[PDB]
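Before any comments, here is the structure.
Heads up, one of the protein chains got dropped from this complex, but the rest are sitting where they should.
Each chain carries a letter (A and B) given by its place in the written order, and its residues are counted from 1.
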Amino acid sequence: XXXXXXXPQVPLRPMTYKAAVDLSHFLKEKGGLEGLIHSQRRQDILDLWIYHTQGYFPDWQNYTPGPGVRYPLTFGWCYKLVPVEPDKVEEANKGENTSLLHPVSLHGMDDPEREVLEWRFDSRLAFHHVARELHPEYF
Amino acid sequence: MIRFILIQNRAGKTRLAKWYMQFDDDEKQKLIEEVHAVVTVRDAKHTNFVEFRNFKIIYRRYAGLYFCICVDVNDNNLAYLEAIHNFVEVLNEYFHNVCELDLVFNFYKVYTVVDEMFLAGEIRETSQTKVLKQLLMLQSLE
Partner (left out) sequence: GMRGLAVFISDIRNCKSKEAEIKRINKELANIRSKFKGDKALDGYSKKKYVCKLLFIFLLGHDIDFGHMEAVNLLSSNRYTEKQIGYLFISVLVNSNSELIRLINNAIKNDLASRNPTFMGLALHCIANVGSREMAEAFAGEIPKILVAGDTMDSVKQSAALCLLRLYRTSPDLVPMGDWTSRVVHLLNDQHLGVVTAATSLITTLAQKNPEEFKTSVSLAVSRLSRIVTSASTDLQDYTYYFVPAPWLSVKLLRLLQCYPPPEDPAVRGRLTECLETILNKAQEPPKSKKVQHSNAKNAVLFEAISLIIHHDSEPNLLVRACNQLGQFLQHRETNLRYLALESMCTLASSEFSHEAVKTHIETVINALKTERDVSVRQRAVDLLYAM
């Protein structure tokens, strides 16, 4: 998936609804992100790549607080983070060969609400700015 | 000071244990069991610290393993919390993508690592570079 592909050069560009929507699809077309477990290092890696290649300053990708689904502040970004069910986390961590520092093993240390999160793609986010509705304070 | 370091898997098998205080086997076993009870039941919702009458527990979970440092009440909660990660990261670098299995097969080596980083109930070496360099040097030795 694209996280493998990612894992300054270009001039600055503003983040716009068009920018975010195109970007969402650009990542989907390159395969990836959907279903992928969230870790701060991963997003940092992602934010940087977008930043270096496509000149979007890594400030745009923010989500509503937990617990529960975390919704993107930038309108037209079609990726929400949703919490993994506990039983799913435990089954994934089963076994003595799983890496200690793999994102699923961290158990949401990166998250203040300590929830394990995965990226999921939503069509609706392009049409409806869920973050604004839920938290006008941020807007 | 650090009363004792514990590395325990979810099942309750003890991967590592360092005692920096005197305990008799009856006490240790009660402690191991007591510590397991608290962390497995305790969730994400909860803080990383658990409070005892005499002692405090700082613990963090990686994979199937619970890393627990037991300290006196006045000790720095956050510092020891991050000391655990510093330790895990050193282990990660050392075993190259460390996992619980590595801790079992190379158990005699994990003691070496802990001792570089913690000694006498205190923090010893906090530089990943220096611990790793020393760890590498020793490998060369017969």
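To be clear about the criterion, contacts are C-beta pairs under 8 Å (C-beta built on N, C-alpha and C of every residue); 3 or more make two chains touch, one makes a residue touch a chain.
Residues of subunit A that touch the chain left out of view are 40-41, 44, 65, 109-110, 112-114.
Where subunit B meets the chain that is not shown, the touching residues are 14, 45-51, 76-79, 81-83, 85-86, 104-105, 107-108, 111-112, 115, 119-127, 129-130, 134, 138, 141-142.
To be clear about the criterion, only the chains that are shown with their structure count from here on.
Here the spacing of subunit A and subunit B, counted between their Cα centres, is 32 Å. Considering their complex, residues 9-10, 43-45, 60-65, 88-89, 91-92, 97-101, 104 of subunit B touch subunit A. Within the complex formed with subunit B, the subunit A residues making contact are 93-102, 105-109, 113-115.
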